[PDB]
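First, one chain by itself in C-alpha cells, the form solved without this ligand.
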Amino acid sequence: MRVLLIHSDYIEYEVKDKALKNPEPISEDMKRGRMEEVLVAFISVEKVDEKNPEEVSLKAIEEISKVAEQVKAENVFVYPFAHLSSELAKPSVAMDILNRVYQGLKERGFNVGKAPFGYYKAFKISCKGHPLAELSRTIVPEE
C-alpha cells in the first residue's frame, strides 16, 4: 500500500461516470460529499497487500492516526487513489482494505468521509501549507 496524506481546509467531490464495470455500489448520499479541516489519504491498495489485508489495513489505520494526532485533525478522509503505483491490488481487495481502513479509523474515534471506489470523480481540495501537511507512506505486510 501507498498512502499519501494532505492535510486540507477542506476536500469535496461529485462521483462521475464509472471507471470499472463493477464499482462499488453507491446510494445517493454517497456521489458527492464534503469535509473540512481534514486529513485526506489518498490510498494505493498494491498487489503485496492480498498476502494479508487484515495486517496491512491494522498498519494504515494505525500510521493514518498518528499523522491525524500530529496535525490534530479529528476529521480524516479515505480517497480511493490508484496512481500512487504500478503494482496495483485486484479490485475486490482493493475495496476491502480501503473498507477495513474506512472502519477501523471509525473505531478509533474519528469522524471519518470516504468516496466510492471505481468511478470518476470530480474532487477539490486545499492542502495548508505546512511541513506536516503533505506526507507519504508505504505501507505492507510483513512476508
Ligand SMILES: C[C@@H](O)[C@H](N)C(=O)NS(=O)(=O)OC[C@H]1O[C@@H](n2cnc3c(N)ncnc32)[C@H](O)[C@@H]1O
The other form holds:
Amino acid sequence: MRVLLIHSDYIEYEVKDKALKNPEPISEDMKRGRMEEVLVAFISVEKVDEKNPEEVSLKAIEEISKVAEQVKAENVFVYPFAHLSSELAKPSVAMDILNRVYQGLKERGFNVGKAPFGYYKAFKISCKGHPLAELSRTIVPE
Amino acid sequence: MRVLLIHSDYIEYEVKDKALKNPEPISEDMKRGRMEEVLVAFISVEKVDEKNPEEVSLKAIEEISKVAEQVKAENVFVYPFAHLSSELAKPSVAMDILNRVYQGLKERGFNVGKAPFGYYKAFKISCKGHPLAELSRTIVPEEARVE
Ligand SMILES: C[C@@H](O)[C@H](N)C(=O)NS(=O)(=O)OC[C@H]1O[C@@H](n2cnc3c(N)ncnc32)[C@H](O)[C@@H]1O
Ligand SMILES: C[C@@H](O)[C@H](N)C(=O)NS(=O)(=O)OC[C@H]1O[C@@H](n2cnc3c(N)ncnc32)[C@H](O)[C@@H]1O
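The form solved without this ligand done, now the form deposited with this ligand bound:
The next block holds the full complex; its first chain is the one shown before.
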C-alpha cells in the first residue's frame, strides 16, 4: 500500500465517468463530496497487499491515526487513488481493504469520509503550509 | 523519475518554512504563484536518474509534452514533489533535473511555471476529472552519461 497524506483546508470531489467496467454503485448523494480541516489519504492498494488485507488495513489505520492525531485533524478523508504505485491490487481487493481502513478510522472516533471507488473524479484540494501537511508512507504485509 | 500529472483548472502555491537545510535561493515573486488551465507535473527525482541527468530530462520533457498535447494544455507547471518515490535523488541532482525539464518545456513552446525546490508549500489545485486528468509516469535512464 502506498499512502499520501495531505492536511487540507478542504477536499471536494465530483464523480465523472466510470474508470472501471463495473465500478462501485452509488446513490445521488455520493456523486459529490466535501470535507474541511481534513487529513486526506490518497491510497493505492498494491498487489502484495492481497496476501494480508487485515494486517495491511490495521497498520494503515494506525499510521493515518497517528498522523491525524499529530496534526490535530478531527476529519479524515479516504481517497481511492491509483497513481502512487504500479503494482496495483485488483479492484475487489482494493475496495475491500479501503473500506476496512475507512471503518477502522471511524472506529477510532474520527469524522470519516470517502470518495466512490472506480470513477474518475474532478477534485479540489488545499494543502496547508506546515511541515507535516504533506506525508507519504508505505504499508505492506510483513 | 516518478511523475504525477494533473490537468487542472489552476494551481496556486505559497512558500512556508524550509524543508531542506540548504534549499534553492528565491526572489520575492517566487514566493507565490498561480497559473490557469494547466497540466501540473508533480515530480520526484530518483537516485537512478543521477546516472544520466540529460537523458532522463529529455525523456520526461517528451512524456509531459505528449500528455499536454493529448489534453490540449497550453500551460505546464513543474512542481518539485518528494512523495512519489522512496528512493530520492540528492538535492542538487534533483534541482538540475527539474531545471532541465522546466527549460525543455519552455523550448517546446509551452507557457511554463514552477514552484521553488526545497520549501514546504501550501498549494491549491483543481483536477478537471476527465479520463486523462490524472496520470502517472515512471521515467528512467537507459544508457550511461558520456562527458
Ligand atoms: C487502467 C485504466 O484503463 C483504467 N481506466 C483504470 O483507471 N484502472 S485503475 O487501476 O486506475 O483504476 C481505476 C479506479 O478504480 C479504483 N481503483 C482500482 N484499483 C485501485 C487500487 N489498487 N487502489 C486504489 N484505487 C483503485 C480507483 O478509483 C481508480 O482510480
Ligand atoms: C527533510 C524532511 O524533513 C522533509 N520532510 C523532506 O521531505 N525533505 S525531502 O528531501 O523529501 O525534500 C524536501 C523538498 O525538497 C525538494 N526535494 C528534495 N529532494 C527531492 C527530490 N528527489 N525530488 C523532488 N524534490 C525534492 C522538494 O521541494 C521536497 O519537497
